[PDB]
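We have chain V; now place chain S with the ligands onto it with these hints.
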Amino acid sequence: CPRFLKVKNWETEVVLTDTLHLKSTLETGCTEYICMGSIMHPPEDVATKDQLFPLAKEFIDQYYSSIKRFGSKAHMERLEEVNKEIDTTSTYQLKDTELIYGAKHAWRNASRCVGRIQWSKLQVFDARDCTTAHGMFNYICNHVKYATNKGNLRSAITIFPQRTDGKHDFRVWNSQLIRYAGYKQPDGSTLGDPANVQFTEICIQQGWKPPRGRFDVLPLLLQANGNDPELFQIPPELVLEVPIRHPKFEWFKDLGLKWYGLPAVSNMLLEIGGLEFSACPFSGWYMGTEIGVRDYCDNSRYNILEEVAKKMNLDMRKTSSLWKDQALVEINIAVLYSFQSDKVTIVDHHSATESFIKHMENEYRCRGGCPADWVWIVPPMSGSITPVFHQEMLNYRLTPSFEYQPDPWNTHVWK
Amino acid sequence: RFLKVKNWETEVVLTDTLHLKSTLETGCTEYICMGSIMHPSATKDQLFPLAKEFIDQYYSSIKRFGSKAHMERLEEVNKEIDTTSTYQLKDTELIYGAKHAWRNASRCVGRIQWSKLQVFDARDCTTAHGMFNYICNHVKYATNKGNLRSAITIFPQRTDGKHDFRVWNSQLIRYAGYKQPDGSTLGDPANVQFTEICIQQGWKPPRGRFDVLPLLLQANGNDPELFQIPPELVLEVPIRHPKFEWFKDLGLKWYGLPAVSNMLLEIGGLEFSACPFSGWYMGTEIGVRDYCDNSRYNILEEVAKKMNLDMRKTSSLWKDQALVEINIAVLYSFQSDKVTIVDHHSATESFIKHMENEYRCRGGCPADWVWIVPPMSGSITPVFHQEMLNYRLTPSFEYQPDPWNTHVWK
Ligand code: HEM
Ligand code: HEM
Ligand SMILES: Cc1cc(N)nc2cc(-c3ccc(CCN)cc3)ccc12
Ligand SMILES: Cc1cc(N)nc2cc(-c3ccc(CCN)cc3)ccc12
Ligand SMILES: C[C@H](O)[C@H](O)[C@H]1CNc2nc(N)[nH]c(=O)c2N1
Ligand SMILES: C[C@H](O)[C@H](O)[C@H]1CNc2nc(N)[nH]c(=O)c2N1
Ligand SMILES: [Zn+2]
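Protein sequence lines, in the order shown, are assigned to chains V and S.
The first sequence lines up with residues 302 to 343, 350 to 722 when you count with UniProt numbering.
The second sequence lines up with residues 304 to 344, 354 to 722 when you count with UniProt numbering.
The shape of chain V in the complex, shown without the other chains:
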């Protein structure tokens, strides 16, 4: 690799210089001859002593460099203490300061996230003292209450104990803390959210009694210390929701749509200094298109384009009439209107992409770069009238990071 890589914005002509890519840590999947950039994903295999040493040192060095104490006595002592501990226990524990730094930087490093202008403002909840699923339930409830804040949403992460031997993992089996159930019908239709059919079925087998409605908040399915997972009902008063209405179309409310206020993804893995936090639910606030375009208008999701287009009395026989495009806009108008009216934090795709460009420029200037995944950063509607469409980006993997992990029901050893 060369020392300097340049990116260009084809709308503004601004050119930025990236040097941070030199700290790249893992493979992208791309090679010299193929690009895997549109590929979505390109047990007791735990880190050996030898594999762990340099990964720990790398992180510790980076941490002390960030607090302007690189090469200090405290730095050297921390290094030695981490080494001793890896040597005698085959693992090590992070200091609270290091945990907070690591969590914030995994967000900062998350190439697919358009919301990272916010990265340094993250409430970190240290849950490494947790031992049971009931305890996990307590921590998650507190997280949800704090992050929701009566609609004035605050970004937050709760971190449970790291992996040891791979047979004692903490996991949240939910993909997000709050999601709606989906039920496959005998006739092939789906009630509720089709995205969540598999996990809904799992909950039902585990003993969940389903209301069988369109917007049933799923139970938490929580695994502590590698034991079998356990079911819990989130208190309904902790689940903030927004009825979707349209500022012009009075009939829009009659669709009976609502969505939940807090996006809180719970199936990802947090890696810091070679340590693996398999349960680390984190939450921010929504970009409207996430609900209005994907959740509602994806064919294999709620798929309401048809019903909305009908109520708008559009010609639905020619694709070239753009009836889908027109309905898509009104739905996203309704979603933003309904959240803003109920004073629940939400950001539109124009504002968010504009902030991200400012953020990326600042990062290039003060950090020497900003990894970014164009395929994910550009919003799912109106792509080219947002500033990120014309922005060249470089994608690469920095650590600490958030990673994908297999679904736990595919790996769990039932006791």
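I should point out that these hints are in silico values taken from the structure, not numbers from a laboratory.
Ideal placement from N, C-alpha and C gives every residue a C-beta, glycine not left out.
Don't take each hint at face value.
As the list claims (entries may be wrong) - Simulated pairs of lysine to any residue, SDA-like, Cα-Cα distance not exceeding 20 Å: (1) V/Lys309 with S/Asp714; (2) V/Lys324 with V/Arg704; (3) V/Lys555 with S/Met619.
As the list claims (entries may be wrong) - Far from chain V, some chain S residues (derived; all Cβ distances over 12 Å): (4) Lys391; (5) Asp394; (6) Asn456; (7) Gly458; (8) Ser462; (9) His697.
Only chain S with the ligands this time, still in chain V's reference frame:
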């Protein structure tokens, strides 16, 4: 190794073997992806292997691999690279190579049409006047009174690089852009530089909003020369709206024929620096990018005004609403004047069908997701949810420097 791509909407999985045949670079490395970079950065010796690979796949394509005709062609080519430091393609080869450069064009969503391409051999051309004649014939043919037909015209290949044939226009038909004294821009801002260069070369500009630019044509490395495309050859569409009667009062129009003229065609190591090619428009090319880019005609505000939308906050999505209406009008207007055009929904379905065809008969299809997904309503088109593998196959179309940056005037 074999690679899988998955559609997340339909769960269809395809297997790519075709990528194993590429040897050009993508720009990425194992540690940095450059997927969204627009332009990631011969001799006797270099030429023959390249010529060999091309002939090999041509004779393999007509199922005569290793035939007497095949063997003799290789030898004929080798002798010719020896005695002339280059070689000339057979007509069949020229046609095969042009079609395959299109088939291999990872950024083009229109490739289901790839084998329907009229190839015009212009390799006997020697002067800018001759270039003009060939290009007029191309435009007349491709336009076909609204029933557009894909075509490419191929001018003489690069020799020593001092005698290049170049079309200086980025497209055969484009509108002038003029840098206004008060600061703003009249016409198309994408073309301001080229427009100035035409004026500087003697073109008398009407200084309207839709002035068709003259052709600026360079033959054998000589100074370029100006030509006016006969107006009756330039098909245009007045843009109106099926419900908003005021839309026509905006005075907008566009041309029916998209004909990119500034790329390079490479076939078996040979380089064709002048190779204008044309198809027909996808509506968003005009209605999203050409009209609504900030640095293009930038008409969202005017439209949104006439629609009486709340433009005080972004979250009204007034830009999004105006965007859809403009693209409705563009499609409606071409369709009403019976000029070939495809909407982004129909175009992307066809591309998904094309991908399936190509994976079946060819073992893959190189595709650039960043360019294939339309600039509006992305995820409600089927390509958004389609994993793609991008890789570079030859014959191909490549970018080249703008000629005014290199040309030593005379
Ligand atoms: C605070 C406001 C935030 C906004 C507006 C925001 C916005 C987004 C959006 C729109 C996406 C794409 C999601 C999708 O299409 O499904 C995304 C992805 C992502 N975000 Fe953020 N986000 C925010 C907060 C956070 C926080 C607090 C974290 C972690 C601490 C985070 C980490 C991530 C990660 C790892 C992804 C990629 C998910 C994946 O690949 O599956 N974001 N974000
Ligand atoms: C027949 C109808 C066709 C349609 C509907 C179509 C559609 C498109 C569209 C929408 C783009 C994106 C252009 C942009 O965003 O600037 C594109 C790019 C491209 N097309 Fe096609 N196309 C067609 C025919 C052709 C033909 C005949 C050729 C060559 C023989 C071709 C070669 C290319 C190439 C090389 C690019 C990428 C150029 C670049 O990298 O800037 N296309 N096409
Ligand atoms: C922290 C945060 C905030 C936000 N507004 N959206 C997120 C969206 C995700 C996300 C949601 C769903 C998926 C599944 C594929 N779309 C992948 C990632 C994760 C975290 C988010
Ligand atoms: C052959 C063909 C057909 C079509 N409908 N659009 C094209 C559009 C292009 C094209 C147009 C503009 C640009 C510059 C960046 N938008 C790059 C490529 C090239 C060829 C096209
Ligand atoms: C195939 C493609 O990679 C996949 O559909 C991606 C594309 N970009 C995306 N971008 C975001 N923000 N979210 C997504 O789910 C996706 N899906
Ligand atoms: C930065 C980015 O690569 C650039 O804006 C690209 C993005 N995708 C595109 N896709 C198409 N079809 N046409 C374009 O001009 C572009 N521009
Ligand atoms: Zn890549």
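Verification of the hints:
1. V/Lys309 with S/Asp714: 18 Å, holds
2. V/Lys324 with V/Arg704: With Cα atoms ~9 Å apart, V/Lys324 and V/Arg704 stay inside 20 Å; holds.
3. V/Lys555 with S/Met619: 14 Å, holds
4. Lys391: 32 Å, holds
5. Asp394: At roughly 31 Å from the nearest Cβ of chain V, S/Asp394 sits farther out than 12 Å, so the non-interface label holds.
6. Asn456: 21 Å, holds
7. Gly458: Consistent with the label, S/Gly458 stays out of reach of chain V, its closest Cβ about 16 Å off (over 12 Å).
8. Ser462: Its Cβ never comes within 12 Å of chain V, the nearest being 20 Å, so this holds.
9. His697: The claim is violated: S/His697 sits with its nearest Cβ about 8 Å from chain V, within 12 Å.
Violated hint: 9 only; the structure is consistent with all others.
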